[PDB]
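Engineer: The chain contents come next:
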Amino acid sequence: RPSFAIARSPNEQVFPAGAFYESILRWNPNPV
Amino acid sequence: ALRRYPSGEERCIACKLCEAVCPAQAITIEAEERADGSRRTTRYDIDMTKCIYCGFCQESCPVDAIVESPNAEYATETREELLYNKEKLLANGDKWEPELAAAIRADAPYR
Amino acid sequence: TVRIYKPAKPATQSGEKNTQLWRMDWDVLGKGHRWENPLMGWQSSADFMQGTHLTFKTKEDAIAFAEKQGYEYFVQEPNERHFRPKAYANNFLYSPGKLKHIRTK
Amino acid sequence: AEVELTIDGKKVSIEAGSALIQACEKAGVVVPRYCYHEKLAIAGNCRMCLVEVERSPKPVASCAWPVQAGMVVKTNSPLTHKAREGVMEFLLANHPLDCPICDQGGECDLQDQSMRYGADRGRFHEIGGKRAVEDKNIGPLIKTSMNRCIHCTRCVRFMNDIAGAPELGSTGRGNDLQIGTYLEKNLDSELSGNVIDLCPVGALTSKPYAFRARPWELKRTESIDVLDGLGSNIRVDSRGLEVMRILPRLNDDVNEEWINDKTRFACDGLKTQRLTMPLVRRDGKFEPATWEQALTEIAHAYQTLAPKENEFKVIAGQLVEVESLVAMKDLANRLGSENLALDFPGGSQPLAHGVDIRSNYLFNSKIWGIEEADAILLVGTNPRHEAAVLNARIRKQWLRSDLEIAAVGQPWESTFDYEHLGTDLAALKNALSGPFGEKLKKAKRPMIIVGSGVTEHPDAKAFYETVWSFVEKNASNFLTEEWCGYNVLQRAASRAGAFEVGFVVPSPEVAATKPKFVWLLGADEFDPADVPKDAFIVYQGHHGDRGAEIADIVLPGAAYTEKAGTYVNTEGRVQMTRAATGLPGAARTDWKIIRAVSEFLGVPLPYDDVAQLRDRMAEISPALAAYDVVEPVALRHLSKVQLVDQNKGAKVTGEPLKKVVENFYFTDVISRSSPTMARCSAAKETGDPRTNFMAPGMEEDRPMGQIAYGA
Amino acid sequence: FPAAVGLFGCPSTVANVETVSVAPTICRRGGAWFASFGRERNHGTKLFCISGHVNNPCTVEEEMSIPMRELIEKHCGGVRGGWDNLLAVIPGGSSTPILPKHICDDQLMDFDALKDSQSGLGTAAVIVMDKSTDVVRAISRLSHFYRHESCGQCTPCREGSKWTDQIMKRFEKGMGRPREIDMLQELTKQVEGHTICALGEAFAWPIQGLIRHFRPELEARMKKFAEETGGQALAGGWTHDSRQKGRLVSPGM
Amino acid sequence: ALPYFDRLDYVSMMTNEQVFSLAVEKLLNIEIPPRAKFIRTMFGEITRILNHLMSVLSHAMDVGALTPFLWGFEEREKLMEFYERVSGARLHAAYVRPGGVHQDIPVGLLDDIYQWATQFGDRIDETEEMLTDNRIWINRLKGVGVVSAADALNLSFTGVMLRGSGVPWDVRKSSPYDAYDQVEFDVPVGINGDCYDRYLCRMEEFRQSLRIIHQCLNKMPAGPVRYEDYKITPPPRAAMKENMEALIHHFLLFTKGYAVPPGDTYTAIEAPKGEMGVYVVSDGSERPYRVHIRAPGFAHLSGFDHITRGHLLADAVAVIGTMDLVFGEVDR
Amino acid sequence: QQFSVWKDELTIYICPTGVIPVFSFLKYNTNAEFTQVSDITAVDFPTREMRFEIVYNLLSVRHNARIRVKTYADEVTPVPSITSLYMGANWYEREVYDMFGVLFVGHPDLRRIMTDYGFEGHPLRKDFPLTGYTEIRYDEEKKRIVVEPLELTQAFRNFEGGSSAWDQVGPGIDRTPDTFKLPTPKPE
Amino acid sequence: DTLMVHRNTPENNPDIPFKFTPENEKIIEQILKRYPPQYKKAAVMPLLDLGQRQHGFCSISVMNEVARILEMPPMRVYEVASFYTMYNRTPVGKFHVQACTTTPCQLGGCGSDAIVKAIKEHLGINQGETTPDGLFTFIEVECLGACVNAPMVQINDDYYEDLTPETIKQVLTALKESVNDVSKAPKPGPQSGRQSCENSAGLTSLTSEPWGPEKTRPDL
Ligand code: SF4
Ligand code: SF4
Ligand code: SF4
Ligand code: SF4
Ligand code: SF4
Ligand code: FES
Ligand code: FES
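Chains o, I, Y, A, B, C, G and H, in that order, give the protein sequences. Heads up: take any position in the first sequence, counting from 1, add 25, and you land on the deposited numbering. Heads up: take any position in the second sequence, counting from 1, add 112, and you land on the deposited numbering. Heads up: take any position in the third sequence, counting from 1, add 105, and you land on the deposited numbering. Heads up: take any position in the fourth sequence, counting from 1, add 38, and you land on the deposited numbering. Heads up: take any position in the fifth sequence, counting from 1, add 254, and you land on the deposited numbering. Heads up: take any position in the sixth sequence, counting from 1, add 167, and you land on the deposited numbering. Heads up: take any position in the seventh sequence, counting from 1, add 98, and you land on the deposited numbering. Heads up: take any position in the eighth sequence, counting from 1, add 98, and you land on the deposited numbering.
Keep in mind that the hints are not guaranteed to be accurate.
Per the computed footprint, the stretches of chain C lying under chain G, defined by three or more beta-carbons under 8 Å from a beta-carbon of chain G, are [as the list claims (entries may be wrong)]: (1) 255 to 262; (2) 332 to 344; (3) 435 to 449; (4) 474 to 484.
Mimicking DSSO-like on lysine-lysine, the simulated pairs with C-alpha atoms at most 27 Å apart in a straight line are [unchecked claim]: (5) Y:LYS205 - A:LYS223; (6) A:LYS477 - A:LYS404; (7) Y:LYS162 - A:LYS49; (8) A:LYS120 - B:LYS477; (9) A:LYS49 - Y:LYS114; (10) G:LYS168 - G:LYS279; (11) A:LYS168 - C:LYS340; (12) Y:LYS205 - H:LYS117; (13) Y:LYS122 - A:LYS48; (14) Y:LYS122 - A:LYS223; (15) C:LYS340 - G:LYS125; (16) A:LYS223 - H:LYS117; (17) Y:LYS164 - G:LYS224; (18) Y:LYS203 - H:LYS124; (19) Y:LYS114 - A:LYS48; (20) A:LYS477 - A:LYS554; (21) G:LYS224 - Y:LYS162; (22) G:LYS279 - A:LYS48.
Don't read these hints as lab results, they were simulated from the structure. Each residue gets a CB set at the ideal place from its N, CA and C atoms; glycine is no exception.
Excised from the complex, chain o in its bound form:
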């Protein structure tokens, strides 16, 4: 019954992606 950190809308971000998943985007096996 107490409120919980549950996403309300389908396009809501309840918790931040954080650093580790953020750096995954920058990954590219092709050398620059």
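Let chain o serve as the given structure and place chains I, Y, A, B, C, G and H with the ligands on it in line with the hints.
Structural biologist: This is chains I, Y, A, B, C, G and H with the ligands only, laid out in the frame that chain o set:
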């Protein structure tokens, strides 16, 4: 005699151990699921003219459900009266419970 | 008629002690094997052989006894397994292509 | 190759690459086990198979230890003894003291191997208590007492690998690990009842066989399943005149330790709507009668009609044994009739395959042939519904080899991947000459399975010459010395036996004659057009169903559990059922009903002992004398004359191949009378995971309970 | 073995971080230089976590076979309360057995010396406890740790890690008779070598060390309990008056 | 199958079930605890007194003395209270079982047997007042039913039929079983092989069995009365209701039973009517493959023709009673 | 033919035709002074060509010793009677004959000893059923006791099927004296 | 009171829809390419964490979506999410307080018991529940790998370490105030001077300038 718990439920859960160990094949048991889902007997017959009064049936019980009361005075007229069905064996336990509980209380340490 | 056979292992358990000896038993008849007792509901019988079974070490020992006593006999040949090497290592074989199975221990 | 090794001194000869527990079995050495099953993947969880191996500091798990060329195994050393007691002490520390209330009592591996390899007493007395877990709703058939789970993983391995139904799992960790679907779901698999037999303990029991019997009180009969065409080998456990349960017995040639749910639970349908006395329809109401004056009114009606040639018709049902086919074949012949129909639609007309060569209608690459199949084309068959245990064997080969499956027919929900080529005959001609054809042409041991459901398709003559003409074009691959890629799959236990004795309509001429008299011999799935309304109908059977509803006479026969009938399975193996009980009421053995009505119609069939009637069967087909074996077909190439020569000009109509099994649960009269199959259908439809769905037990909406089972 | 059938059934090797991370340097500096440090079979430097009852707990890398005494009061500010106020050291982490004061006096921290002392270096997570701490409570919190980390796949760990955890909470209170201590010794011997993985020894070794070096402690707590309730408890934690009070008491416990 | 042995010689119940237990225990390869050994040797001699009270007093009731019968059946009536306290049966106890005894004796019984013991000799002495020196009794048993020592052996005679012809032989002394090697007792052996010798040998055994019972009371050790192994003997009720292994062993013992290793044994004891033996073939399973009972009276009645030949019918009624004959023993 | 020893029991296995010589030697030898027959019985093994094993148990009061003698018989193959040596063996052989059908050549008055007078069958044979084939009752209409085919109000429930799927005794232990084992060849 | 079976809920039922956001699938794609193409079932662990960081906890619908992305039977995903503790199968607070109660923290510095005591009295809740305003769900955990920095309590993805009864209270309060202004969020790591794990009374080792590649074997 067939006994109950303090609640009133029958102690017998139809394991059939007393039927397996009977030296004279005097016990016939048919069980199924009761309306509430409990494991209980539908038939419980003891041929008092096959039984040898060994007491094995009550040594094998895991719930003290079948006992032998101290009653030795029950000569009858017809031997049809000596085919105890589950309605008579429960009626016997209701009748004899204080004395059954007392004999169990005395002998339980040795059992 | 009597049936000479080697009892099959129970599906319920993995002990095979009772599959080791041949059993000779009598076939049930269409009438007289079991009827309901009108009084107590017990099962009455006329089959004097219903609870009798014989054990023999070999099939030919049972056949010899059956012919010695004049029984009619049907012999049932045992069903045996087919050996197949089983390897714990296969549980983790590598699939180059589509998995087509997700092994779950 | 063969490695050699010593176990307890004695040399055993086991193939290289097999596990030690397999060589211990071959060497005559009993090794305690719980997790290891011969037909399931190796799991090393139980630790009850720990043996002592030379040059190994720890005990090894024998079940997962491969055999090596020179190892020494001591299975009775003091290392082994204290290993087994220690495991038996752990397996019993949290086990519920529920042996009097457990259904596995008296047949439990935990009990027996505790008596043989454990200590006599226990050392667990914790005030903190034992583990206890909640029960799980996994469908109607299986009752769960999960406190008893010893975590062997046998059922998750069976359901995931053999049944192809991956809904059972193991959620949690450590002592709180639990077996069951995380969200309550109804285990949807026609093989799911095998989990109950596989369970070493009673944590998975059967709701029908809930608390009715103890294993010691059951008479065990080794008989045959007749609820499908595969002839599965079973054990019928009965207490007096009532069959209690039906278990699977090993036969690696047929069913391999597995039975389907229909053959395991339909036995409660053997005590519900049985015909127990003769019936005569008088003024539109069925009256009881004796045998002497029900067989009389059979004869009087027959004399009144005075039927001409082929006006007396027989329709044989799908549970009919071969003895009564041969007897009814004779009595039919002495009456001038060759009108010998079969239950299915199209069964009152001649069949597209003949019955002249045995290989025309058989599963020729025997059931064991799948174990080496490389490519398989399924035509007009949903094998998961028509032959459940066979379907599993296909998946076992598929999961371990490069097997390619293609199907022409109605798409079904398959436990193995398959290519769908089409639904009609053109989609077979286009497939057999298409990409998948070269798979059959290239792959050694190819296999074409033709469902008995195409025999009733109108285009079967075109279907059957399409298939065999491909087989004849592609021999030395389909038709080698020991292989035949042509296979017709029966779904009723009576079809192969009828074909073997020639119990079919011979010609189109006899097919068009209207009968004045129909003997429905256990026939209940007859099409209405195959019984003229005004005819005289005799029904001989054991269950009151459609057939008895229309009968003018009803004659009660025997069910397969109280006769020793001969049956032929789809592969051509001739097996014998063993009576487990006697006849109920005034019922009579089926072949004897025919033999008696021979006296009343004045043409007594010669034999009057069943030994004599088996001598007659030997004259029709000698393979019927060979028991528990398939007799190979010699003139296997002669099959072209029925399949292709007599099927040359076929009037193709283009109608698509039809499903044959609308309800896997309701296929025969025994099934339809079964309360358990009633619950299996209703639970399937409404998706109910509750064990007490139409059963005794307390519910949220039944605080009080219920005594109805099946409703 | 995973060198053949490992990850996705492919040949694989699993190696710890610190072992992998030191490979590039030993290549560029030379394995002889690595083998300079340590004893004959205990070469190299190694990273020590010095946690617990020392004044300044931290982690520092040091040569293998450093004496335990030489390490804590030189790289960590000393044990709290002084050397004489030490009680016991868990040398290699929760898995390795506890080591008392008089064994840890002249003990070298390597693979061989610790194995000789019926213990191990593990990952050298040196947990050091004071003389003013409940040692038995410390080990019961580990057997509680091992109860929660077991996968549950095999019998001797899925059942045994809970059974020993329930026993350890009793010995914490003293709710037992001293014969239970022997029963707990051979329960653990029933666990080692019978499990699929080495998490079985991981919870058997700590208990075995505690019985091996602190059995006077446990029996004292039982005696303190046996004084308070009026008699030696039954094996299992039930009080001596249990049958008198009408409870299930089998002959023997 | 153990209750079948109570009903063989139905006046000597706990020694019938002793020979079946000793036979099964020998194939089981087990040693039964000391307390049950003494319980069994005490109740085997209480049984021997019970049988001799039937045999001697019924013999004299046939011969026409009717008063000693009634006096000693009160002694019999008192000694069956001890049967009904250890078990709940006045006749068929089923008390002696393979592995010891079914239940421990109650906590005041060894005092009550000692109180009975203090006066039982006076009962023998008064029974002996009526028969031993009585000339009518003497002149109806002297020279009656005389068997030579050589013929008693050749006729398969055991017990007092063997011992009354001057052969010193008791199975208890020659193949000791239970706690008999731990007790001091004598063996009465007759001279003239007649009914008077066999009466005097039986009365002496009254006094010898009483002398054993008193010794058993003073050597009664403590400990289990049942073999301490639940794969053979049933666990206590309290264990079965509390421990997993105990309920499993309880369940399997009352449904399947214990397996006996394969083999055969012939086991004999010194039963009150002679030597009683059983031949048990075991098949390694839970049921006996073959049980054969050797009954002392069966061999005695077979030699009745050789012994009563030439005697009077009033002599033959005396020969029937001197041979300890219960026909449920003879016909099995 | 052979001899076995189990614990304190020595058994001798003899040819059926040797019955008179063997028992004479065991009766009248000064080192074999076995002058009692304790018991003669049979055991039935239908898996053998000779069904019946004849077991004799003998006692020597002189040497405080026991010996068991075993021979074999068949449905038609007779055994010598030993009532020429032991008068006590007479009724025992009547029992073996009455209960098994074995026939004892030389016996005076080999008649039934246990069964009823017109009884047909040998009850200790393993093919004989437990409740027999016939039952009796008093017929009021015939004024006598008559003999009828057997019907049982309750059929006998045979609980043999509840025997453990697992062997429970094992192979045992060999315990032969080294004086009766073959010497082993020492290496080199 | 963690359960290993699914309890049907208005916030946890299969009928509620889940889908990864039009931004997450980019993270999904990169994760998938890091494994063999047929062994995409290796990605179940990363996507369960991605699913529960978008929704709040590993719901039955979340788990079911991850099953269809990786062509798995959903029961294969239930066993994973039930095995691994970091997945939350029941809704949690905004801040999931994880206090380590294993022996090293129980002895390290001040014991963890005061730290649990401080949390309990300040948060007004017992083990395993959430606060009535639904911001803090407090549980105890096994060793978290910061033993030389005992006692330590991690909250969401950060380790507030070397804690005392006074310091853990203010670390929690500023975290409560962080729901509005991110400027007041407490810094991670340990308090009381230590940076990560160094000696608290001066550096015992690593004082001189580091040695570079100059000391390398010449043959290489
Ligand atoms: S009375 Fe006892 S032994 Fe008999 S069936 Fe009921 S519970 Fe079982
Ligand atoms: S006392 Fe009677 S009913 Fe009970 S087991 Fe014995 S014979 Fe059967
Ligand atoms: S599963 Fe076996 S051991 Fe467990 S309670 Fe049932 S019968 Fe007893
Ligand atoms: S439910 Fe039965 S088969 Fe499945 S893991 Fe548990 S014990 Fe094994
Ligand atoms: S020892 Fe290892 S494999 Fe076995 S249960 Fe414990 S963690 Fe699992
Ligand atoms: S049998 Fe090998 S571990 Fe279960
Ligand atoms: S003990 Fe808390 S971090 Fe290791």
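Engineer: For each hint, tell me whether it holds in the structure or not.
Structural biologist: Okay, the hints, checked on the actual structure:
{"no.": "1", "hint": "255 to 262", "in the structure": "violated (count 0)"}
{"no.": "2", "hint": "332 to 344", "in the structure": "holds (count 4)"}
{"no.": "3", "hint": "435 to 449", "in the structure": "holds (count 5)"}
{"no.": "4", "hint": "474 to 484", "in the structure": "violated (count 0)"}
{"no.": "5", "hint": "Y:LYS205 - A:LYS223", "in the structure": "holds, 23 Å"}
{"no.": "6", "hint": "A:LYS477 - A:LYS404", "in the structure": "holds, 21 Å"}
{"no.": "7", "hint": "Y:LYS162 - A:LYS49", "in the structure": "holds, 24 Å"}
{"no.": "8", "hint": "A:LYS120 - B:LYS477", "in the structure": "violated, 32 Å"}
{"no.": "9", "hint": "A:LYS49 - Y:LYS114", "in the structure": "holds, 26 Å"}
{"no.": "10", "hint": "G:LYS168 - G:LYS279", "in the structure": "holds, 24 Å"}
{"no.": "11", "hint": "A:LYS168 - C:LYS340", "in the structure": "violated, 54 Å"}
{"no.": "12", "hint": "Y:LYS205 - H:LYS117", "in the structure": "holds, 26 Å"}
{"no.": "13", "hint": "Y:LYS122 - A:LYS48", "in the structure": "holds, 20 Å"}
{"no.": "14", "hint": "Y:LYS122 - A:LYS223", "in the structure": "violated, 39 Å"}
{"no.": "15", "hint": "C:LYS340 - G:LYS125", "in the structure": "holds, 23 Å"}
{"no.": "16", "hint": "A:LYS223 - H:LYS117", "in the structure": "holds, 23 Å"}
{"no.": "17", "hint": "Y:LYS164 - G:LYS224", "in the structure": "holds, 18 Å"}
{"no.": "18", "hint": "Y:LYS203 - H:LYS124", "in the structure": "holds, 24 Å"}
{"no.": "19", "hint": "Y:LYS114 - A:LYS48", "in the structure": "holds, 25 Å"}
{"no.": "20", "hint": "A:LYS477 - A:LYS554", "in the structure": "violated, 52 Å"}
{"no.": "21", "hint": "G:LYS224 - Y:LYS162", "in the structure": "holds, 15 Å"}
{"no.": "22", "hint": "G:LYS279 - A:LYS48", "in the structure": "holds, 21 Å"}
Of the numbered hints given earlier, the model fails hints 1, 4, 8, 11, 14, 20; all others are met.
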